[PDB]
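To begin, one chain is listed below as structure tokens, in the form solved without the partner chain.
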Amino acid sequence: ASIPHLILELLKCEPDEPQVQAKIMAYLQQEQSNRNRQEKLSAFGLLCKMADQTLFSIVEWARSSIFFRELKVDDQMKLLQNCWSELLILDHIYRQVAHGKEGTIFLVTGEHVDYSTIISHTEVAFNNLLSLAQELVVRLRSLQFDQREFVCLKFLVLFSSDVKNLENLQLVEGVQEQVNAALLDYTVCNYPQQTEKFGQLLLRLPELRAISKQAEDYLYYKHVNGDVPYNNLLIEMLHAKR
């Protein structure tokens, strides 16, 4: 039905969103229920709490992923360390495209929060990053960015060839080229009037890149003086940078 085979397989590797939301929702209700006051029941750390969970879900996704699983643990870690924050932001952006509304932000827990509530209860620094992400959301919404293009961008983000010291480089470049091809074939077969949405889509990766670094720098800063609880997947990957 105009969906190449390679894409049908990537989609099969996607987690069922509803159960990921339920699992994350519970975790946060626990983390927030268990300590029932005294310590730090913040709002910055909470977005940090669900970002951490989202990250674990992303790592599991990559691991169970059709082509990633053929790489040795050494190659896997180097690909995930290089793009983990980009994957997180891309995940957020797509969730806004498929579920976002008027003046709300759809959270991974499956909840809608007023964009005003987020802004007000967070410092301007975080505010700017959140706003830089919505611009991309606005651009993807116009292009009719859909799920099949979303899993393709994910694999293009994960399988990046300019990562140094990859053992099975032949496989990483192969998949990358193969996904690029399946994506172009899909975009013009399903959105032909869209002169170059394919180009538009790829032009988004460098932007995701830039936003990604600014996000890590802010995350590191907030971390250096004790403003996040801790959360080892977030910190671990952030320290894979230094």
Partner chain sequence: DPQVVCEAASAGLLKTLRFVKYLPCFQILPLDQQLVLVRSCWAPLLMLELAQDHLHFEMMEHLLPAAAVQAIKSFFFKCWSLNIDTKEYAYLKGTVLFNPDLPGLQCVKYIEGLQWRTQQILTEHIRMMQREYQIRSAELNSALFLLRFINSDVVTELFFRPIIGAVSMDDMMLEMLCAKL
Given for the second form:
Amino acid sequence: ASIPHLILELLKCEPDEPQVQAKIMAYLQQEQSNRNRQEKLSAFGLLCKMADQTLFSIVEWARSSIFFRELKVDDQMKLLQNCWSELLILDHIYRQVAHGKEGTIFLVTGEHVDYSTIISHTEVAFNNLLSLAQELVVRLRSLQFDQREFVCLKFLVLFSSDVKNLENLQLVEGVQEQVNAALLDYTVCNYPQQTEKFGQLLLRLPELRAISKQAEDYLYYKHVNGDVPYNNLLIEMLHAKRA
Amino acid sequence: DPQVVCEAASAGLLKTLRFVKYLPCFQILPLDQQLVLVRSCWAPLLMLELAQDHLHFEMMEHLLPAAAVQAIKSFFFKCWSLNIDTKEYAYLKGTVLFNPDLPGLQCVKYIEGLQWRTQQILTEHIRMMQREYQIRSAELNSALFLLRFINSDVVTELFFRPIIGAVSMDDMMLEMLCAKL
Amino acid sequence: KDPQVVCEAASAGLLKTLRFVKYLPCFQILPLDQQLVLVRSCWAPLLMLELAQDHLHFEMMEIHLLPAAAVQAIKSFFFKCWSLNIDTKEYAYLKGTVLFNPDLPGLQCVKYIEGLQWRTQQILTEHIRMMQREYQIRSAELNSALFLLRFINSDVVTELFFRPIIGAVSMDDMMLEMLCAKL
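For the form solved in complex with the partner chain instead of the form solved without the partner chain, what are the coordinates?
Let us now look at the entire complex, which starts with that chain.
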């Protein structure tokens, strides 16, 4: 049940999980408690701020990471500018593998909702999306997945060699192949009869790069209706990457 | 006349929907919304195409609804009467396509803006040539005022029943938007 | 009179400035070392840009408590801004132009800011065309005030407005506490 040297230290870069929900939830509870004669948010706008924080936290997790620390900002921001969505989604997905179950969605704030109560209270465009995610959350919980192969993936997404302009291309070249192997070992090591599990996990990647695009397109659409908060980070992240 | 006109009534319907479908600010729509629009704007937008192509056609003792018939008639004439140029016809179509009033919309503020930029880019065209804004402006709004009385149930019976025979112009639409996707 | 009141309104201006910057997504997404750089430079121009906006009317008669033309540059600039009737929108992009300056020494995120300035000019060129016409004339008008700003100094500002209050503290130390404090 032992894990290679790589994954062992990768688990060290984890954000905690109690520490965050305290931060975020207290922030949000603070955001609404805030005194603006105008500006309700409200359900949606506020959820964007949640997603923002998540992304903030995700960036801390990134900068506060061993292989990420080396390689300087200019490039740091280029990796982020590519996967910021894919990661933001994935985080949610896993959170639904860990604390997700029946018809119940678990937010990063530690709150939960009824998938039915959600789907009805949301527009179709957002259903074709949440469902698209669940399709994957479940598809995959089935394949016996957990925090070990999870963090492997995070780095895999974050360090996609399929970028463009950067100097330390060699570093990503390295970790992209250094984590592919590191994962391959763990595949059969701490697990029973999967055989092609590695290929399966590595397979669900584009199936998430795809849920991403559609998610962004949704953001842009909601943004262009004005529904998205003022200094929001996602729309910001979207304009850098988009154009 | 029936096969003659209905044959080209569809050549406009398609000429219309294509114009709309391949519209960039239109691609940005969840389809369910992207449809809400078309599910209404189609009848008018159609008339504007036909009136732009000077589609002449007469009737015979072909059915009864008269007010419905006389309204269409009055519309095409008021249009031709106003010598509506190409650009003007375009900007008119947009005006029809985007109205935030439609029930079921989730993006009111978005189309309101579009609605705005349309009458904006339209005013500029007027500025460029025909002066006396309130004149050419209230003039065109007259054409639009006529569309109000069209039902779009009648338009169906008139140009499509003879060719469609019961498939609806609901089942039709859905196909169109995704067909050429 | 001048001293306590203007310095107070000036100090108030500094907060509003940093609050503005601090909340920018494209900004708060940066590491502290880099955030600190930007601010440790632009704070001076940016403050000036705010004070012009709030139409600060100060006059300091002098009947180490004077330089000469230095305090002139400030007025000249203010007036230029005023005579140009800048809307809150343009001001905001102006501040953006100053803030995202790739040339600042000490940056390591040069390329990132490149694009930020780019978009800054982009959304501005867009707003100009939106409002009134041209963009050849109004652009020069704006760069006009910017050019008049580069000659302010950052020693004169701190001395003129802040030394009375701050007393004997490094303005650069202050920024750090400000990138952390309040919020």
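Here the rigid core means the biggest group of C-alpha atoms that line up within 1.5 Å when the two forms are laid on top of each other. Numbering follows the first chain given and starts at 1. Shifts are known only where both forms have a C-alpha.
S.K.: After superposing the rigid core, is the C-alpha displacement of residue 35 2 Å or more between the two forms?
M.R.: The answer is yes, as the C-alpha of residue 35 shifts between the two forms by 2 Å or more after core alignment.
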